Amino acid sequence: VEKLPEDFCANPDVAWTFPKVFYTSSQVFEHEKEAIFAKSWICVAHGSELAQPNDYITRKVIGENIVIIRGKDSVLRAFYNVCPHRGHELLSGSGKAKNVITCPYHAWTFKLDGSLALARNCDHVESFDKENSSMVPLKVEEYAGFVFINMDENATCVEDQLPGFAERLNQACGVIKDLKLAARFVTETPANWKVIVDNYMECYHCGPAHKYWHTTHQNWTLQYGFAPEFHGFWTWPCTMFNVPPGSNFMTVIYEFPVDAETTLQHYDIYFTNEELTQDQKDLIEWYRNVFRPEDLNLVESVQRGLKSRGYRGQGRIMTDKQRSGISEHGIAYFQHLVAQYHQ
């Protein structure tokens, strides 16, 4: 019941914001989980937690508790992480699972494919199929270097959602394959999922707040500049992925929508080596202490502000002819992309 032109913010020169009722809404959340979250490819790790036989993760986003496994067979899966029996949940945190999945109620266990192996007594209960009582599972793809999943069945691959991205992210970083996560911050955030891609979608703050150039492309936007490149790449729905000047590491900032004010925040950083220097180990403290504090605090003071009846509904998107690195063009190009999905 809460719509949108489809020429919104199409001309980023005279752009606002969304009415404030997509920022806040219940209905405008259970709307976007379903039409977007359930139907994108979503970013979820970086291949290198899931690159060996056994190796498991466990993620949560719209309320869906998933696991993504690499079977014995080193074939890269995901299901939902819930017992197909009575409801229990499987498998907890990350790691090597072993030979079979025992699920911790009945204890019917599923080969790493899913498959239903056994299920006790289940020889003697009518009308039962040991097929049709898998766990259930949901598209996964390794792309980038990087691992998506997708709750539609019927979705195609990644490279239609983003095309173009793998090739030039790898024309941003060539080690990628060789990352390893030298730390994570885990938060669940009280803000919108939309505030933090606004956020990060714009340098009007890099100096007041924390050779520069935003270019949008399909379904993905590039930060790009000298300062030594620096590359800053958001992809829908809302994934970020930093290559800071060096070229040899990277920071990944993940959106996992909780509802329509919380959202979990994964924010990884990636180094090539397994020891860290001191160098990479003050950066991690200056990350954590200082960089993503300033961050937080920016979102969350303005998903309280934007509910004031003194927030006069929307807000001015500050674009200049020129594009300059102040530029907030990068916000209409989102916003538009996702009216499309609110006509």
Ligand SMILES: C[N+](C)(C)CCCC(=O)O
Second form
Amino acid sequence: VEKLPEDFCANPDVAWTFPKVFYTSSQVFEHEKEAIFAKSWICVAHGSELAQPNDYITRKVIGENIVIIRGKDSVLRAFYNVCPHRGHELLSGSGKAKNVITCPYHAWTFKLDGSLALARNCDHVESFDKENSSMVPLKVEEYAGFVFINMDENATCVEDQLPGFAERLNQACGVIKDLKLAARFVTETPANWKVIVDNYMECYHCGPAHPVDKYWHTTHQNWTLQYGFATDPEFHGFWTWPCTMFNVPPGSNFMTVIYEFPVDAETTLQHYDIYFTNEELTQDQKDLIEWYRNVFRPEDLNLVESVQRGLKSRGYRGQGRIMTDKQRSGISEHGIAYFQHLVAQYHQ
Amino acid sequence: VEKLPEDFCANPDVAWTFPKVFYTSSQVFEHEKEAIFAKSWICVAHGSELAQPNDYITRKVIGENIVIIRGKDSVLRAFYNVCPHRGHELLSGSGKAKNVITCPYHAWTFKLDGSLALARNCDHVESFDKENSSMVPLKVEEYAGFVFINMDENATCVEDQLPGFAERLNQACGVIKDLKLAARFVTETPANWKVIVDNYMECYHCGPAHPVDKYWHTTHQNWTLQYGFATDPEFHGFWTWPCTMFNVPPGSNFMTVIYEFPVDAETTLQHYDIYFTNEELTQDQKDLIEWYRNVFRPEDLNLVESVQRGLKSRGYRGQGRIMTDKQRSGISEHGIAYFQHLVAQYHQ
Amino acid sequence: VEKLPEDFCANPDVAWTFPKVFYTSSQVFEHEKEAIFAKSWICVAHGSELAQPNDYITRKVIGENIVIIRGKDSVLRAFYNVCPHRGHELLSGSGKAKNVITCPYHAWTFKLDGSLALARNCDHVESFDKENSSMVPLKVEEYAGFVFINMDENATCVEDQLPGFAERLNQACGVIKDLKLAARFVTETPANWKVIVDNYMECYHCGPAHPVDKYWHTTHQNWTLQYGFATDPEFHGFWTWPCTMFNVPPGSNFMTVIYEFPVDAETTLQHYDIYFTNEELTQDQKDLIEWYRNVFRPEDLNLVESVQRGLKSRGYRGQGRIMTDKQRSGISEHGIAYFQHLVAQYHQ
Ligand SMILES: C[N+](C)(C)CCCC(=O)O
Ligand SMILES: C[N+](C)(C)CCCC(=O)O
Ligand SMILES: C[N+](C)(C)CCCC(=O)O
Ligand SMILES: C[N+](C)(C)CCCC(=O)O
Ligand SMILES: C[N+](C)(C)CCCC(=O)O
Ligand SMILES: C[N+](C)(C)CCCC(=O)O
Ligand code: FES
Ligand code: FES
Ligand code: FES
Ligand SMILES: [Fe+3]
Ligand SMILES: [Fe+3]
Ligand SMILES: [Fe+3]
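For comparison with the form deposited without the ligand, produce the structure of the form solved in complex with the ligand.
First the chain shown before, then all remaining chains and molecules of the complex.
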């Protein structure tokens, strides 16, 4: 039971990162898994993957295999991807469901709303409860053009978690509804999910790690915006609680999105999604995909993997200095302090 | 220390599988390892692998490397496959031993009864005890044409564990002594040993998982028999405590046997052995081997691997309903309840 | 908290190896990691790898990535290979450093003495401490022609740990300063570090495991010497606390050195280094390297890997007899008792 003070990182001008145990402890991870990831809205996809009846996707986060499915009735729902009879998985990959889901094991059959449609011989089983033998649901919400799930069925909506975010994202990219998935990079990353957020929250490393008429990192309520000018081309980098990042590069007509799906204390599954409105890509778009694939993302992944190894050394003396400057300049690290102050509230 | 009630699954008509912790907990596994697998008779082979003087085999179960060896004197014995000097392994694989076993490390030499024959310079070591520096034995018994070991040297015989089993197996296949190993499939299966037993104990999935003038699943004392008619061809499927299954398909002139050698809470080493009386196989027999290899066994392994993943989900709500019908029909799951009631007696 | 008596193995004539838990327990390993490996001098290299200004090497031991670097000023130093800003690793492999070390993450720049030279925007960070943001040092000492590190900065010199060793090693090989690394075999060995030492400390297995006008194994203070005659060619095998072994074969003009860098209870990284004074190898030397590579070392590695597996069996009854003879002959195992008596002093 590692603990942090309430004002941890409350003053970004004099602040340090978490004691290293928070990036490595399996007990810390189990606490964050239940207190954060099982109670927060988790972004899983852009709405375009789920726009048509019978569309489905699958996702894996904190050990939970989830199916998100647009019903025959065009209603979006989410379920745990596990049969309520004896635990076989139900669907794999993504695509179009048939009009019923059939369990591979004993062929219990479910409508796309999760209701049990047919369970062989169940009229002969004593005290069989057909309603309450349905697929088990999660909360799902379409917000800001993206799709969020929540394992806490008592949760309130995404706007309560990210006040003002949808409004500001739509003022960064006006064509979100027209975006389509152009490429996805899936990486099982050997770093704690918070190291990856840390790395996003600063541009201190842009230049020395990646070979702008002012850059402002403003904090909001459970999200932040890195904003500036590269006409007058704007760029936007949004971090949202707990760990989904939305990038709107200069031009504001496409997006990249980083989805972090934590696995354990030192492992995070990442989706890096690239979205364009074209369904047939231009050469510029194809080259951009290859550049993200071969250069930009390998740089960022090598960084977090090396940091995760290095922070375990006894020569790394507990914590690292957050290099915040008084002027909140473009190379100031103060965004890390805002993130870590929010995390600290879950370790009281 | 997870616990179960004495009457757990005592009424198969209204029964559920174990709470999921029993399929996943390393503490549950350590308890079952010592209370079940280190005290029960464990089937390891058909007698034909060990029929001649100097024949030996090796097996690995619950972390124990065991050698079973027919001596020069034609007496069957079993030992731990570890040198009593400083712990080097003694034999590997299976085949014919030489007339003494020589340790690869310092060449202590043992007769095939485990007695130390020669230990270099041991007459010069103070208080060296040559008897009690022999290989360490286990109990072994030839029963029903198969070979069983027991790590508990105070154990009584296999018949006390499986009353009536040998008598009934010989009334299923009359030629067991003439069988010879025709093929063996070795698989390290990522499922708890009890998931694999569960899967064997029901034919609810035959049809939906594997593309009969009545089928009866009768329980006995620590074993069960699935029996019916496919002349009047009979079929037999025996499960025996703790987890060896003997199949005698229609025709009753060959057998397949499933040996489960648990490794840890989520890992079980399986041998799937196919036995025919012919030493030169017919084309029907060769095709059957390839069908078991490419189709039938991959189906059954995919099932248990998916169940092991799915039962860990928080959307799998603890336990699964055992679909027993009042008529004990061929698709009734009641065999699972008998098995799990027996397991529960070890978790008091 | 496993414990051993003070006189454990104090009488080699009647002695047994550690109870098996000391070779397998992660708690025992964590204790030895902090009480032995973080407080003792650890040999890492021959001086020839570090002889010139800007020469550096890297090593990994008990989870610590260490850089040893000869400065521009020709002073030998050692540091933890981790940036003090936010934990990125600094250098990899071995070779010649540039005149400053630049962190790949945010390009903090260090002189080769570890001093911070430049940290971007640090004059704008409140209460930034530039001295105490340097690389974190370890102790390093050149002793007997080899290079030792110590994580305990209060440690005294290598001679206090190994009294008389340098003097005796120089009386085994008179040309240590002229040796150069000719080959290195790196192996991640699945055996506890003490099994590997045990194996070195006896010649009971030479002959039965590896297809001499007296052989004497004399103990000193934290090191031992295996000495004899194969003119009158001498051979020397030194073991030094905790686990570096120095071999000077007949002829006394070359050396091999075994470096053990423990990883966890059942894993040890080994360097097997072969040193000759020639920089252009003779055919005899090339063949010797290939013989060590293909025959001699695979024998010794197979032995310790099999022992590590075998000692976990319940058929290995706790401990093994150390086969010491009254005459302390060449096949006497008494060297194991001296080593294990020293280890026992850390488990009081
Ligand atoms: C507690 N905290 C994080 C504000 C300061 C810790 C002091 C240090 O960095 O060594
Ligand atoms: C926004 N920024 C500059 C901090 C990082 C960009 C994230 C990317 O998509 O990898
Ligand atoms: C205790 N038991 C297994 C008989 C019934 C458990 C109730 C349930 O299935 O939720
Ligand atoms: C007997 N039955 C039908 C439950 C399963 C057959 C087992 C097989 O050999 O794989
Ligand atoms: C305590 N000790 C190691 C000296 C003797 C242990 C007795 C035995 O080997 O069984
Ligand atoms: C010295 N001795 C004979 C015990 C072992 C030789 C070690 C070797 O270099 O592998
Ligand atoms: S596990 Fe799905 S129908 Fe049985
Ligand atoms: S370990 Fe078998 S003779 Fe030494
Ligand atoms: S981690 Fe080295 S400069 Fe930031
Ligand atoms: Fe970056
Ligand atoms: Fe089956
Ligand atoms: Fe050797």
